[PDB]
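Student: Each chain is listed here by its residues.
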Amino acid sequence: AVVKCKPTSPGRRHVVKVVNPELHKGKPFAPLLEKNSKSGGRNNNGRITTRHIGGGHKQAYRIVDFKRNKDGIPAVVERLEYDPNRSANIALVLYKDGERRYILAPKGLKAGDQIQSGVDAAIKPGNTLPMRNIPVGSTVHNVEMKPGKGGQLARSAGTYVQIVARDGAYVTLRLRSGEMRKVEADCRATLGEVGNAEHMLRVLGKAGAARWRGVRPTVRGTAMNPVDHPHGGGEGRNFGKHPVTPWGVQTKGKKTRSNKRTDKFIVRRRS
Amino acid sequence: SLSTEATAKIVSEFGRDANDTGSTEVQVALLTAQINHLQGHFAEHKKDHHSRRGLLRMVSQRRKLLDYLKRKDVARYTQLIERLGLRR
Amino acid sequence: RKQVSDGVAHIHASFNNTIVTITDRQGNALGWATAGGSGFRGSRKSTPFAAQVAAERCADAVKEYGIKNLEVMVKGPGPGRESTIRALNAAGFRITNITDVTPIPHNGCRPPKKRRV
Amino acid sequence: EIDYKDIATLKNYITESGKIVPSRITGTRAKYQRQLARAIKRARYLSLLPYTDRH
Amino acid sequence: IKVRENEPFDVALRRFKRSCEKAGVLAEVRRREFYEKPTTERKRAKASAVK
Amino acid sequence: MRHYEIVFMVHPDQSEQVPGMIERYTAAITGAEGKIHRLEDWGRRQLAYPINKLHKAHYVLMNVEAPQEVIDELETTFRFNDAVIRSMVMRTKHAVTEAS
RNA sequence: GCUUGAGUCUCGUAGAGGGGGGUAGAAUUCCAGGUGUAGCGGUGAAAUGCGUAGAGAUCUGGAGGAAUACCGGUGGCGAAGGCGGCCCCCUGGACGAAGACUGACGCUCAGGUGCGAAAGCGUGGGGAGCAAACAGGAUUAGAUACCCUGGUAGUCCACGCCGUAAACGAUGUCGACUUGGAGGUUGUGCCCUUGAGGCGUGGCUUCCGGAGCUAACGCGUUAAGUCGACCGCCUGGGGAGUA
RNA sequence: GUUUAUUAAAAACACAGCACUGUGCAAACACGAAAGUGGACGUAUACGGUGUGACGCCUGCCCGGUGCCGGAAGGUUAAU
Numbered sequence: 001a002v003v004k005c006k007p008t009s010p011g012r013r014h015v016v017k018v019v020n021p022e023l024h025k026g027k028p029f030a031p032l033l034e035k036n037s038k039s040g041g042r043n044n045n046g047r048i049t050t051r052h053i054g055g056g057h058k059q060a061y062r063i064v065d066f067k068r069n070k071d072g073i074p075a076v077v078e079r080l081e082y083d084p085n086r087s088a089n090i091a092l093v094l095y096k097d098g099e100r101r102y103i104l105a106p107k108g109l110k111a112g113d114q115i116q117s118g119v120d121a122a123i124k125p126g127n128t129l130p131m132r133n134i135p136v137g138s139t140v141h142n143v144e145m146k147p148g149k150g151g152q153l154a155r156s157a158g159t160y161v162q163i164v165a166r167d168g169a170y171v172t173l174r175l176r177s178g179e180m181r182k183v184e185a186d187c188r189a190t191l192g193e194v195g196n197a198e199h200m201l202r203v204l205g206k207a208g209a210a211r212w213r214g215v216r217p218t219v220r221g222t223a224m225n226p227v228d229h230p231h232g233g234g235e236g237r238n239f240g241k242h243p244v245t246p247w248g249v250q251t252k253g254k255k256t257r258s259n260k261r262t263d264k265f266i267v268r269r270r271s
Numbered sequence: 001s002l003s004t005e006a007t008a009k010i011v012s013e014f015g016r017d018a019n020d021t022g023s024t025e026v027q028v029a030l031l032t033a034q035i036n037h038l039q040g041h042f043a044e045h046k047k048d049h050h051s052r053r054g055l056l057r058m059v060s061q062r063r064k065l066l067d068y069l070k071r072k073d074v075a076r077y078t079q080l081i082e083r084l085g086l087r088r
Numbered sequence: 012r013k014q015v016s017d018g019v020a021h022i023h024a025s026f027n028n029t030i031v032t033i034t035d036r037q038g039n040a041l042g043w044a045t046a047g048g049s050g051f052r053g054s055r056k057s058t059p060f061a062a063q064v065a066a067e068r069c070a071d072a073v074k075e076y077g078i079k080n081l082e083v084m085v086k087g088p089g090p091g092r093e094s095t096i097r098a099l100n101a102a103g104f105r106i107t108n109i110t111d112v113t114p115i116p117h118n119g120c121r122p123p124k125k126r127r128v
Numbered sequence: 019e020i021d022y023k024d025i026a027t028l029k030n031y032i033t034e035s036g037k038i039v040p041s042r043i044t045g046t047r048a049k050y051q052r053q054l055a056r057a058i059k060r061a062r063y064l065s066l067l068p069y070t071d072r073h
Numbered sequence: 003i004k005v006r007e008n009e010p011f012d013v014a015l016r017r018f019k020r021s022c023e024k025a026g027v028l029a030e031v032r033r034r035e036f037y038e039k040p041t042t043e044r045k046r047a048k049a050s051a052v053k
Numbered sequence: 001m002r003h004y005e006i007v008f009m010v011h012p013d014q015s016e017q018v019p020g021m022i023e024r025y026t027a028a029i030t031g032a033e034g035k036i037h038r039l040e041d042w043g044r045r046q047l048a049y050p051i052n053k054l055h056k057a058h059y060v061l062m063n064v065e066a067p068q069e070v071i072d073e074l075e076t077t078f079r080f081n082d083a084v085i086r087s088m089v090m091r092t093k094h095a096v097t098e099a100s
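Chains as they are written, first to last, in the authors' numbering: chain C, 1 to 271; chain n, 1 to 88; chain j, 12 to 128; chain q, 19 to 73; chain t, 3 to 53; chain e, 1 to 100.
No lab work stands behind these hints, which were simulated from the structure alone. It cannot be assumed that every hint is accurate.
[Said to hold, decoys possible] Simulated crosslink set (BS3-like; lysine-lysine; CA at most 27 angstroms straight-line):
no. : chain 1 : residue 1 : chain 2 : residue 2
1   : t       : 4         : e       : 56
2   : t       : 4         : q       : 29
3   : C       : 107       : n       : 64
4   : e       : 53        : e       : 93
5   : n       : 47        : C       : 4
6   : e       : 93        : q       : 29
7   : C       : 4         : C       : 35
8   : j       : 79        : j       : 125
9   : C       : 38        : C       : 149
10  : q       : 37        : t       : 53
Work the whole structure out from these sequences, hints included.
Tutor: This is the structure in structure tokens:
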């Protein structure tokens with residue numbers, strides 16, 4: 001659960017840790033590891049393109065099954081592991097033919113649970129099926145946008161998607177943003193919601209925790225100069241014009257969505 | 001509620017004479033079994049204050065019965081607590 | 012120029028005002044009238060005589076359609092429904108049945124506290 | 019004494035709008051009135067009796 | 003609630019239009035039945051009435 | 001084992017599958033070593049108010065003595081299978097008059 | 001030592017007693033659509049407001065939240081706060097015919113501990129109605145209000161606080177005795193198995209009333225009557241349940 | 001903690017927190033004349049932009065002006 005630290009020092013005064021004793025203490029599964037090198041704030045042109053990304057802890061990428069397959073083969077769940085690359089925890093699962101894979105761990109999943117992925121799979125948290133064998137109203141996660149592509153929606157910790165309706169070839173989904181959108185019914189979805197729902201309850205306590213995450217300091221345009229930001233300047237604190245991005249586009253309000261080939265799929269815009 | 005077969009088993013176990021359902025050891029053992037079952041109940045169901053009042057009534061009744069048995073016969077009290085596993 | 016001759020009167024009566032609406036059997040409304048369009052304001056439109064004038068004007072609006080038989084569905088606590096059936100029967104439709112479809116809920120939503128005075 | 023599966027007795031103990039008639043009108047006892055209300059609600063849930071006559 | 007006109011009829015009216023419970027309960031579900039004061043006052047009045 | 005009473009309604013469209021699910025449910029109870037006290041099929045029956053905008057529905061009653069685990073599995077089966085519009089499983093008022 | 005106080009077991013009975021989950025039906029609101037036109041809404045009157053970009057009214061489909069019309073009761077349960085759709089799971093208490101068992105194991109309890117309406121506070125959700133604050137329009141001599149039109153916190157859920165109420169029956173708990181009538185609710189014995197008919201025995205309750213008590217109002221077998229055990233509280237009003 | 005490495009180390013900047021707003025993934029946004037790339041082998045408990053700056057108590061009134069969001073009935077209105 002959440003652990004409020006004793007204020008033995010400033011920086012430990014205001015930190016809440018979320019700790020899971022169920023998580024595996026030790027090395028991850030080495031056949032499903034890849035090299036992950038830091039490249040944020042670095043284009044192939046070498047320029048910073050996303051600001052406030054820099055050095056954090058070294059991390060290794062875990063190959064997680066998102067396009068879940070091996071239909072009809074049950075898999076027993078071994079110990080849940082920690083994943084630095086995402087807010088969610090992951091589960092190392094072992095199929096009956098001797099194949100280990102990494103799964104986005106749902107909320108109720110424990111070590112020893114059985115999961116399955118086919119069209120004959122019983123509907124149960126941790127099982128994935130296309131959304132024409134899944135009843136309307138169930139909360140799902142790790143749901144594809146195209147049939148066979150892999151889960152793109154509800155991958156963060158604690159997130160879920162509600163199956164609201166069925167067209168007959170499309171399935172309407174209420175997303176975590178409140179948006180309703182039409183997704184094809186042959187797209188697969190894992191049942192239940194994603195675990196680690198206490199991830200939003202952590203408070204980092206100090207600037208060093210953000211630096212271990214990998215977030216470089218954010219400078220305000222009011223603190224900058226007129227050459228640097230559209231905000232900036234003045235012989236006091238007040239600038240006094242409409243708030244904008246560093247490149248001039250207005251940032252309070254001003255919806256910026258220019259897609260026209262997916263407007264047929266978004267049904268109700270998020271509120 | 002404790003089942004009829006369970007109460008019959010505890011009465012037969014803790015009664016050295018047949019049909020001794022009113023003796024202090026039998027009453028304390030019945031209360032202890034119901035207390036363990038209700039601890040298993042309340043772990044899943046916190047905030048059941050109305051049933052916890054009956055639990056505390058059973059705890060107080062068991063404690064008063066054990067106090068009476070300790071005043072009456074200390075050997076019976078020690079034998080009962082060493083076969084029940086309480087009051088450390 | 013309608014040949015089916017079956018119509019439904021919907022009388023939404025309330026303590027301020029009444030509304031009469033003649034529709035077909037499928038729910039598509041054909042005509043409507045009200046005490047305010049009849050020419051009464053406040054207490055004069057809360058009177059049941061304004062409901063009689065409203066139902067007469069609504070029947071005048073449906074005289075082009077020429078409905079022979081007319082169901083009646085009243086709704087609300089208004090005093091004007093009891094004159095509205097009488098005005099429609101004086102207009103000349105044959106009333107096959109009279110129905111009361113006022114919304115009597117369950118506890119449901121919380122009622123207001125307003126107008127305590 | 020009172021079972022919800024038959025319908026003729028239960029329509030005799032409701033009114034035309036589907037409401038349960040009061041015990042002061044029916045003359046039945048309080049225990050049987052409570053059992054009657056429970057059976058009426060169960061039959062309403064299984065749609066053997068309507069909640070209201072409008073729909 | 004529901005009436006249907008008998009096929010011999012001289013006028014269309016309702017024979018229970020003043021004793022109907024619909025307008026009696028609608029004015030109460032509009033606002034605030036207390037369920038502890040008015041039932042007590044009504045039962046006290048009934049107990050004083052019947053003797 | 002605990003006594004129970006299960007009444008469920010099936011689609012008129014899927015009214016030909018009713019003996020198959022009767023065999024399935026009785027097989028589940030007898031495999032979980034319970035017994036069926038009663039079983040009645042009232043067939044297609046007019047319903048008082050329309051649910052799911054649907055016509056008259058197929059009515060099945062059974063009185064069943066079975067463990068609460070297989071009764072819970074039966075109720076979750078009734079939840080997940082969409083051929084049953086409505087199900088009610090009730091413990092109380094057991095030992096009713098036969099064929100009422 | 002005893003059972004007669006207290007408790008336990010067998011078999012049943014009623015109940016919105018509590019905790020968790022699922023589901024159902026009216027209704028309100030919102031969205032999309034069909035018909036249709038010039039008003040709707042509100043009030044003692046109006047006006048702000050909605051509607052000429054189509055409101056209100058009627059019908060269809062969908063979404064979401066909250067509370068469960070009738071039953072419903074001078075009913076029921078819980079120590080109190082309190083608890084109302086239906087179904088399941090776990091569970092507390094009460095009562096009854098009959099029999100058995102232990103044998104004073106009992107009563108009260110300053111400190112202590114737990115529970116504790118509504119409003120409020122923290123974190124995370126939810127938000128349909130209602131609605132403090134706020135805004136507009138009325139009323140008025142004025143109106144920071146009563147009234148109307150909106151409307152945020154809140155009301156709802158999870159986990160933590162807070163620990164107060166006209167938390168009242170303004171009546172602390174336990175035990176015993178003391179004339180009566182009329183009902184309600186819930187068990188049981190007998191009679192003529194022929195009926196929701198008659199005669200008893202228990203519990204919980206509502207009203208009237210005799211002696212008695214009280215300053216009086218009134219209480220009156222569930223006492224404010226006659227006693228016993230223990231605890232809490234008061235010593236003129238204001239200051240003040242304040243520093 | 002950082003800062004004008006060479007006259008200013010500060011109350012300045014940053015900061016954990018807080019809020020607003022954009023973003024349904026071929027995401028927003030950024031670099032790029034385009035391919036492509038970062039964001040991210042992430043997926044609304046995520047990412048960006050803005051302002052404020054632990055914590056405690058709080059954050060009142062004003063939408064007339066300028067922005068932004070929503071609507072298209074009417075007026076004006078380009079190439080054609």
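Student: If a hint holds in the structure, say so; if it does not, say that too.
Tutor: Okay, the hints, checked on the actual structure:
1. t:4 / e:56: This hinted pair holds, its Cα atoms lying about 24 angstroms apart.
2. t:4 / q:29: The given pair, whose Cα atoms are some 17 angstroms apart, holds under the 27 angstroms limit.
3. C:107 / n:64: Judged against 27 angstroms, a Cα distance of about 46 angstroms means the pair is violated.
4. e:53 / e:93: Cα-Cα ~32 angstroms, so violated.
5. n:47 / C:4: 24 angstroms, holds
6. e:93 / q:29: This hinted pair holds, its Cα atoms lying about 21 angstroms apart.
7. C:4 / C:35: Distance of about 34 angstroms is beyond 27 angstroms: violated.
8. j:79 / j:125: Given pair residue 79 of chain j, residue 125 of chain j is violated - Cα atoms ~44 angstroms apart, limit 27 angstroms.
9. C:38 / C:149: 26 angstroms, holds
10. q:37 / t:53: 31 angstroms, violated
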